[PDB]
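As a starting point, one isolated chain is supplied in structure tokens, in the form deposited without the ligand.
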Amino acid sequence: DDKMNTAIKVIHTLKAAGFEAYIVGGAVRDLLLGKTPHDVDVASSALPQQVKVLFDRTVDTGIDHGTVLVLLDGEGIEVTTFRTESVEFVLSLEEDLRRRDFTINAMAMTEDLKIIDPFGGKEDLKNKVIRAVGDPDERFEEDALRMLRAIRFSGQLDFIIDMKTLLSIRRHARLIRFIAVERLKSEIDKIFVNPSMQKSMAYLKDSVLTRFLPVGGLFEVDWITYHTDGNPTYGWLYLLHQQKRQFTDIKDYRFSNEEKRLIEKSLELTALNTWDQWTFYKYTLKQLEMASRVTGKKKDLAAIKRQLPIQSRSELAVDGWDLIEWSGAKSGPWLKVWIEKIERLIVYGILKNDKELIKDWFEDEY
């Protein structure tokens, strides 16, 4: 890995220019746990334009919130000025930390590996406890998504949620209605792929969040049989399938068109009593695999699809214009119907994908 080393470089450059700078947030948590951080954030007394003077290559997306992304040695380090939440730049590191979400995320490390832990992150980290920084009620009123993010952290770290924190989530769970469903779906998609998911869903019910989340009750299914395949979409498919419900019931979460096709097509497959060659031809392997997974089948799906005489309409040896020729009839919607009859006869290995043979077949049936 190189992200930690690079951030140390960034810290060092910032400090030579007279500024304070520290590793902050989740990387500190991850190191202290013995895990390689996926991201490293640097917190600094520097202001965004001051950061930009010190580094050749920078991305300026989040300057309004105070974040400059520094590109160096092939890595990307986010450099944020001290701040809270409507953003307000502040002057000290402890003004920043005292408004973050949870104690294990409210720590900072110096260039010389000293850790600053005003709010007991280190003891909470050793006890495996997600606890709000300071007053949980205030933390949740500042951003209600934190309530949900606490659940995502329990499964991501195999931690329990602190008792007072969890009772604050229960009292304030209703504020979840103000959060953009894009952010709600992002956290949920993380939970669906993370470990300790069956405990994460128990928290989602215990926290009363399922009472107020968009169609929150649908989450309360039996998650014993769920085993993530690394794709969050399989989480959404599982809960619908368990309840014999359709995609329309979850449309609130604003899926992509491609994601909605995977769910809808998969449900079609699970509703289908017998799969034959036409099934393997029309549906993507990714759809065939997901539907096997929810119904429990261990089939060798890829090989059955590979063995089919053709793979897609592309390969068909005739098109609507051949049929116009042979039929002597004008172009119309009928073409599609007949092309499909021909397509089935070829996928089933009855008719040979050969223009002259298809014409013979066509002459006799029309």
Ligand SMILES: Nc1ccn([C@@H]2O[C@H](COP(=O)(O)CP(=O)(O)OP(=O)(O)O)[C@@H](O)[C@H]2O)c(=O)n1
The other form holds:
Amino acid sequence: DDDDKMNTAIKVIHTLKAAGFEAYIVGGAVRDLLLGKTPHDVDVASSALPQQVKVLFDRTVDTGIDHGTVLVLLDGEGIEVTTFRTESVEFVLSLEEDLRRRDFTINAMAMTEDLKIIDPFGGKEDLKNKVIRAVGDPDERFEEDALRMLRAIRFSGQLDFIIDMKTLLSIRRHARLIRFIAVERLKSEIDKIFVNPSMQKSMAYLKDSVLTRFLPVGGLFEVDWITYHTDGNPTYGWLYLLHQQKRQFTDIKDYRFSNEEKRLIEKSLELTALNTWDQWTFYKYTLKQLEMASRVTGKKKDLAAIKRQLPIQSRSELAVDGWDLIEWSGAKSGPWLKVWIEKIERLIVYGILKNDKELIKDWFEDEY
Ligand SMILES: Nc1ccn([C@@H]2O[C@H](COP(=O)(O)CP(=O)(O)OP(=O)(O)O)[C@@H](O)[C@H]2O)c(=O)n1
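Go ahead and give the structure of the form solved in complex with the ligand, now that the form deposited without the ligand is out.
Below is the whole assembly, all chains and molecules, this chain first.
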């Protein structure tokens, strides 16, 4: 491989310890190393306080300082250094105090500079058995942050693990608490589930855990997911969900999509409702919308080639505009222009009228 994150984190730990502080790799990096995977991120936990970290490193980003977190920039990587803490934020004085309030045992391990695993809650055994289990009392972990309930669902698909039975029954009992979680955090976890492996298992856990009873419009996630295959874009999960149920975008708008996301969903839904697609269809809709609609209805056409082979790609290529029509018509500017521009546009897109000012003028003077 060519990873640098672990190496950089080792250097960060070394500098922290050279200055008298304790420092360890924590979080998913430890889980990933034990799974033989290359970590996406490597967090460091330290007895150093944020301003003490800033003294030791030339380049830091300080946005999370209130939470105890300094981002250390080193060797072209960024390592998050967080003081021992628990969230609710309270700084604490030992590693174990920090670890004992984390969500799941596989996420509550630490590793030293010398590769020793500190695993007070059996993270290694659960990792080996492929079990997502809350640290300590699950009722406690889920009251501290109800989003953890949904995180457990997400990890089951992402790692192909099961959810520990006691933990899962705890989620069932506290699923109501999900109502307090910012919808942006909910959407972020669901977007991950939609692109992760084993997503059908994640969706069955979502239902079995009772989360679908209390998530915003939670019942809508209970569709048949067998024929869903992610395209790497979480948006396709939301469109698949709606299409399977013959529902419209407004039914999921609680999740606070961006305008472009919403447009992509709404336009794709339109395409799936349109009986037959022709040149104007391929002209007016984006490739991304055409491809997502094709994906969700099961078509496999070579969409890109059809769009590319149209006479023009967009309105900016049109050889005529409203002010040419004002000249030829002798009429004052008004909404009629858009009507007539579109007539001309259609004729060009269907390859009937040449995209040529003088020939469009001929057509117009004859039609008007
Ligand atoms: N609610 C939470 C959120 C986080 N944590 C703890 O913070 C660490 C970093 O999570 P993180 O959010 O920074 C990345 P993660 O979500 O684990 O996915 P990835 O590693 O596959 O990229 C996790 O390992 C948990 O121990 C927690 O105890 N309760």
